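**Student:** Chain by chain, the residues run as shown.
Number of protein chains: 2
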Amino acid sequence: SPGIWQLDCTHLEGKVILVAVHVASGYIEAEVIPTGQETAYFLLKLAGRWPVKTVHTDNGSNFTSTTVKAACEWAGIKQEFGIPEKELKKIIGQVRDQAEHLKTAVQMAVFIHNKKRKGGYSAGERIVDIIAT
Amino acid sequence: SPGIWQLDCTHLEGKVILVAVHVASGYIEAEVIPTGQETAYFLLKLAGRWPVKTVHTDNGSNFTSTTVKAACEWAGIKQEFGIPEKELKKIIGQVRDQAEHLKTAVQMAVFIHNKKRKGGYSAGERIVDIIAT
Ligand SMILES: Cc1ccc2oc(C#Cc3cccs3)c([C@@H](C(=O)O)C(C)C)c2c1
Ligand SMILES: Cc1ccc2oc(C#Cc3cccs3)c([C@@H](C(=O)O)C(C)C)c2c1
Numbered sequence: 001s002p003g004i005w006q007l008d009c010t011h012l013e014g015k016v017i018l019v020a021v022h023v024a025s026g027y028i029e030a031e032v033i034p035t036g037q038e039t040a041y042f043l044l045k046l047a048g049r050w051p052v053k054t055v056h057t058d059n060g061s062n063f064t065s066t067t068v069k070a071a072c073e074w075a076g077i078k079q080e081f082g083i084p085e086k087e088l089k090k091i092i093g094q095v096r097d098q099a100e101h102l103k104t105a106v107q108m109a110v111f112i113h114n115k116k117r118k119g120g121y122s123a124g125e126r127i128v129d130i131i132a133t
Numbered sequence: 001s002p003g004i005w006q007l008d009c010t011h012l013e014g015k016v017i018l019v020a021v022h023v024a025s026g027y028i029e030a031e032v033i034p035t036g037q038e039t040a041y042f043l044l045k046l047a048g049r050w051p052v053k054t055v056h057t058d059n060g061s062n063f064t065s066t067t068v069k070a071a072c073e074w075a076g077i078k079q080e081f082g083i084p085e086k087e088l089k090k091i092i093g094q095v096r097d098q099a100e101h102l103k104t105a106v107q108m109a110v111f112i113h114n115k116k117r118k119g120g121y122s123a124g125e126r127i128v129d130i131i132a133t
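These protein sequences, in sequence, are chains A and B. Mapping to my numbering: the first sequence position 101 is 101, numbers consecutive. Mapping to my numbering: the second sequence position 130 is 130, numbers consecutive.
Extracted from the complex, chain A is given alone in its bound form:
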């Protein structure tokens, strides 16, 4: 559906990368964070940009953050357990020597992930096509 996202944690250079995948398109947003506060904020910003209706996670961590819960309540996000990111670290590796900070290489890699084609449609075209329909 248009508003189903999967949320996960990956790691590089001792830092946490928050990764939201729009399931039907493969579209991603990611951010390097230092906590629940950061995830709540990331979710609130993602919800003002796109239709975010259900967020899937793989474990119980996000069900225990009183601050994730308030962000979800505010923005009208349902959390669901049991989801309906090596590529991401692949493209970070392709670009890492183009940027001084990890966070910059992440955003360069999101850019490439979302803009490239698999002829055909990019994840960026795909999420907009799904939301238009």
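Any given hint could be a false lead.
Which copy? The list can't say, so a pair holds if one copy fits it or any two copies do.
[Claimed, not checked] Within a straight-line C-alpha distance of at most 27 angstroms, the following computed DSS-like cross-link-like pairs (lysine-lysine) qualify: (1) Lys-116 / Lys-78; (2) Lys-116 / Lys-69; (3) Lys-69 / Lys-103; (4) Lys-15 / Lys-103; (5) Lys-69 / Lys-118; (6) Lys-69 / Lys-115; (7) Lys-116 / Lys-89.
Worth flagging that the hints you see were computed from the coordinates, not collected in a lab.
Since the structure of chain A is provided, determine the placement of chain B with the ligands on it from the hints.
**Tutor:** Chain B with the ligands alone, transformed into the frame defined by chain A:
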């Protein structure tokens, strides 16, 4: 056109709020920053999320940041001078007592700005409709 943005600086509680408006839709992204580094990063993240082709500013500040220029070069953004945000501070004022940090109230206000209708279409529906067409 689908990729024309206007970029501006507003201020509240001694902090700088970076505001990108998609011109044809009224869609906004904003972020509280402490510099050119922050604007470059904000622009790179905005360009991986949407078609960003031309960014208009009102003064000369952004034409002097060697780091804005490299972000623009990387992502394929043209800077243009001479643009082709009280509402934003209105909705921050409506919500400010709902959040501890300014940055949270900003994102709450972006959420409302982008999701509300003027019957009719929200700025969020409008930017997706323009990009689909
Ligand atoms: C090409 C390009 C595009 C966008 C970019 O955004 C940032 C940034 C930033 C930060 C904000 C707050 C703490 S770090 C950069 C840096 C980098 O390469 O890491 C810059 C020092 C050259 C960057 C380079
Ligand atoms: C309802 C709701 C939604 C999303 C939210 O995201 C954040 C955050 C954060 C930060 C990350 C890094 C430095 S501060 C909050 C806070 C707030 O109200 O200011 C929280 C202390 C309650 C918040 C509240």
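**Student:** A separate judgement is required for each hint: does it hold in the structure or not?
**Tutor:** Checked hints:
Proximity of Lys-116 and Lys-78 under a CA criterion of 27 angstroms is satisfied inter-copy only: 20 angstroms between copies versus 30 angstroms inside one chain copy. For a Cα distance limit of 27 angstroms, the shortest separation of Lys-116 from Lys-69 across copies, 23 angstroms, qualifies, whereas the shortest one inside one copy, 34 angstroms, does not. Proximity of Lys-69 to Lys-103 under the C-alpha cut-off of 27 angstroms is found in both arrangements, the shortest distances being 26 angstroms within a copy and 18 angstroms between copies. Taking the shortest Cα distances, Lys-15 and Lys-103 sit within 27 angstroms of each other both inside one copy (9 angstroms) and across copies (22 angstroms).
Proximity of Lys-69 to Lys-118 under the C-alpha cut-off of 27 angstroms is found in neither arrangement, the shortest distances being 35 angstroms within a copy and 29 angstroms between copies. In this assembly of identical chains, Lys-69 and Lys-115 lie within 27 angstroms of each other by CA distance solely across copies; the values are 21 angstroms between and 32 angstroms within a copy. Taking the shortest alpha-carbon separations for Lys-116 and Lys-89, only the intra-copy value of 16 angstroms comes in at or below 27 angstroms, while the best inter-copy value is 37 angstroms.
Consistency with the previously given hints fails for number 5 only.
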